[PDB]
Each structure stands twice: as C-alpha cells, then as structure tokens.
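Got chain A; can you put chain B on it based on the hints?
There are 2 protein chains.
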Amino acid sequence: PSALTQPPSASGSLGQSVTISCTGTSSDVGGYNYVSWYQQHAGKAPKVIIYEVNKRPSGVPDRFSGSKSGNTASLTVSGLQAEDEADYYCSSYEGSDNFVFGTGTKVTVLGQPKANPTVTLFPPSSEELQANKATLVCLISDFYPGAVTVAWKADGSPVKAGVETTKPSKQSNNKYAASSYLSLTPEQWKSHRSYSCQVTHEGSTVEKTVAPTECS
Amino acid sequence: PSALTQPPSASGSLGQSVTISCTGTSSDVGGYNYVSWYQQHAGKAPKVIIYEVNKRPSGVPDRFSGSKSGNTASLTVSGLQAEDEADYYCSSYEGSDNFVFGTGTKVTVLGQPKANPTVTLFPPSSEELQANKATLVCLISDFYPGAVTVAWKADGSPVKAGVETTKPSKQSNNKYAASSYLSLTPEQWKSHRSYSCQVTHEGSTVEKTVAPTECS
Numbered sequence: 075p076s077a078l079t080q081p082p083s084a085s086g087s088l089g090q091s092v093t094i095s096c097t098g099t100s101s102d103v104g105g106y107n108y109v110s111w112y113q114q115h116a117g118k119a120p121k122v123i124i125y126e127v128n129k130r131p132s133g134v135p136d137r138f139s140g141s142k143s144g145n146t147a148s149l150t151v152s153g154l155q156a157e158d159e160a161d162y163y164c165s166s167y168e169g170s171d172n173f174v175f176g177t178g179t180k181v182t183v184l185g186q187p188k189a190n191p192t193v194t195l196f197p198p199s200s201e202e203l204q205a206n207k208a209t210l211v212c213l214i215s216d217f218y219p220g221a222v223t224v225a226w227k228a229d230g231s232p233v234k235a236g237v238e239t240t241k242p243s244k245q246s247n248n249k250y251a252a253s254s255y256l257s258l259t260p261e262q263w264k265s266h267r268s269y270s271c272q273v274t275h276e277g278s279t280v281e282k283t284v285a286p287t288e289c290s
Numbered sequence: 075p076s077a078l079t080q081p082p083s084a085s086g087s088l089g090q091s092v093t094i095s096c097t098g099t100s101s102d103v104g105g106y107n108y109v110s111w112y113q114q115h116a117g118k119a120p121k122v123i124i125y126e127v128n129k130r131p132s133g134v135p136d137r138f139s140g141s142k143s144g145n146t147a148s149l150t151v152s153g154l155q156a157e158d159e160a161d162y163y164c165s166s167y168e169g170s171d172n173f174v175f176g177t178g179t180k181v182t183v184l185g186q187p188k189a190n191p192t193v194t195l196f197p198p199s200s201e202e203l204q205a206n207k208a209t210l211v212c213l214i215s216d217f218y219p220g221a222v223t224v225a226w227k228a229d230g231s232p233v234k235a236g237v238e239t240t241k242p243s244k245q246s247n248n249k250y251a252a253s254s255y256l257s258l259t260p261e262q263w264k265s266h267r268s269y270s271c272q273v274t275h276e277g278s279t280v281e282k283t284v285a286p287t288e289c290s
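Going down the list, the protein sequences come from chains A and B. Under the numbering used here, read the first sequence as residues 75 to 290, first letter to last. Under the numbering used here, read the second sequence as residues 75 to 290, first letter to last.
Take every hint as true, because none was put in to throw you off.
Chain copies aren't distinguished; within one or between two, either way the pair holds.
No farther apart than 25 Å at their CA atoms in a straight line, the calculated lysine-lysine pairs in the DSS-like style are these:
| no. | residue 1 | residue 2 |
| --- | --- | --- |
| 1 | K142 | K118 |
| 2 | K180 | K241 |
| 3 | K129 | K142 |
| 4 | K282 | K234 |
| 5 | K207 | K249 |
| 6 | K118 | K234 |
| 7 | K249 | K282 |
| 8 | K207 | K188 |
| 9 | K180 | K142 |
Just so you know, the hints here were simulated from the structure itself, not pulled from any lab data.
Chain A with its partners taken away, still in its complex shape:
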C-alpha cells in the first residue's frame, strides 16, 4: 500500500475554482506519467475523469485538468457547479503493473442556494389495505442543506412509535431526499381524523395532513 498524499478538503464556490494535489514519489507522479483522477459520489461508482496527466474521457466536462509538476500532480475544477461536491481520488502507475491511490479529497461548493423541503404525505394504498397493512410515508424532498427533523401526529398528541425516518440522501440535483414511515393497522388508520407530518428545516416548518378520504 501507499497513499499518494492528497489534502483532506477543498472548499470552493460556484464560479470560483478548486485545484487539488496528489503528492507522490518517483514512480508515483514523478516517475511515470500515468496519474489519473476519479470522481466518486457518495455511495456510488467511480467515474474516471482525468487519466494520464492531461487526458480526459469521451464526455467529461473540460473545466477539469491535471497539472503534474514532479512528484506532485494537480486537478483543476474551474467554475464550480454544485454538481462537483464529491470525493476526487487520484492514482499513479508504479511499475510491476501495480497502481497506487491517494487518500481522497472531499471537494465542496459554498454558495449554493438553500431550499426548503417539498413535503408529500401519502395515505395507505387501497391495494395495501386489501392486505390489511397500513403504512404511511412522508416523502421529504428537495431540501438544502440536508439537516431536517420529522415528527408525526395523530390528530394532536404526537406519534412516536413505528416511525422510521431515513438520513437525507444527495440526489441528482445537489439537494436532498428523506423518508419517514408510520406502520399503522387499518383499524388504527380508520380510527383517527387526521395524520400529520411536521418537518423542520432552517427555522421553517411544513405540516402536511391526511384524512381517511383520498376518496373511498
């Protein structure tokens, strides 16, 4: 093993830039010209973006660049898009057919506009009902940033059982998506007026409600 010294961060801003470094050793960077950069998104596959110092795949946005000097190399993300929040990885060939990777860099964009969640309250599917279950979801969608709290209410005095909220996920847009379920029984469903979802994000709450009446 041996992890090509990468800085552990690099905060830029939308239409500013970000350049990162991959610090090697004659073999790494310095030795051969086979230093390539990957762009790994939270819990997703790699995406090889820079390969071989200056070269760039059949479709990658040319705003990214490598700039090997000696034993260190640079990647240049100019004119930041929100998109570019990721962990860029570097690597270089080192003889013997072995390749060697560099620690990782979390690359971030400040100055992304904040967004309040879009709250969606589903009632139990008729189909579901037919089966005698009664699950309920609070789709908590497009928020920036991903710090949100969810609370469920049975017409008033809050619901605190059989609830399962998810940790926000990064999502196509560079915004989030969370989930919140309530496992009811059909009786329970049809034994309350309204079921609320109350969601708090940057000072701003949103409360959606459902009554046993999608129609019938």
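The following block gives chain B in isolation, referenced to the frame of chain A:
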C-alpha cells in the same frame, strides 16, 4: 460508456466464501480482458485487488480469485474474514478511453439473519393530483443487508426519467429502509396502464405495479 452491472449485496457468515459477478454486453466487456477488481473500505480509497481478469498484486491474499466467462467476470473471496467487508467495484477499459466501472457490490459479514425487502408502492394522492403534481413512491423496508437495486418501468419498459433512490438507513430494529420516488406530469401518469417499482436484494427480486385511477 457508463456502467457494468454488479449484484447489489454479497453476504457470508465468515468462513463462507462469497462470489461477485460483473456482467456487461457487446461493447466494452466481451473479448475484453482488461477487467480489474477494486476493493474499497469505508471512507478510504479504491484499492485494486485483481487486475487483468485474475492477476492479484500479491500484497493481496490468494483467496482473492478472479474468473471471467463469456460476458461475466467473477471474484471469489474464498474464506471470509471480518475485513472482507467492503464495496467491490469492477473495471473494464473500452479501448483508448472509456474506463467503464461497475455498479458495485456490498459485501456484508453477517450479523442479523438475512432479510429480503418489503416493497410497498404508493401512488399519487388525490390532493397531490389536485396540486397538478404527480409523484409515485416505492418504500422499501426491513432489509438486511443494506444493499438493493431499485428500478422503475412504465408499462414494463424502464422509466429512466426522474427517479430518485436513497441509500439504506437503519431502523430502530437494525434492518434498513430505502426510499425511491418518481415525479410526473399527471397526464403522463394517466398515459399508461401500469408502473412497476422493482427492488433487487440478492436473488429475491420483487416487483409491484401501480395503475391509474381517478377518485372520480
């Protein structure tokens, strides 16, 4: 370009051997023997464990086996250790430059009993449809390990546009919960007989199918 397909979740007690498959088609992966495997632990870098089908870099145990038939690579961890737990990706080089990655497997050393997901699909609420929004959401809960593949087909044909999964999360009960949605124009809701939400989790593939209704 883009991707090779790998099964979402590997599982083995410990001592148990786990195989990982990576299949492609025609362009790139075929008479294309450049296929490398990458291991990857937590927040640490993708480390090549197999290269050119089956050459391991000897800093590597021999129980890491590489194998490739027709359109399908494989990787056998021949006697699992706790430290085998990780995300394993595959790579194939579409000559010149399409370093095409695989989707990734998540190798789990087994804690809980194995548990195949329970997928409840929800259709657009009445109100929702009043609001001139159209959104379906496929809830997936109670699954261990914390890996799945989700997919949407409109009238059987995969609906590519505008889907959004979440990564797994832990419930009070240690099993995971992931959410996948869709957004539509209500018209395009009512231009198809069905919509299928489709969750893969190691053998067990489950499909649900929602169909358009008008409360009146």
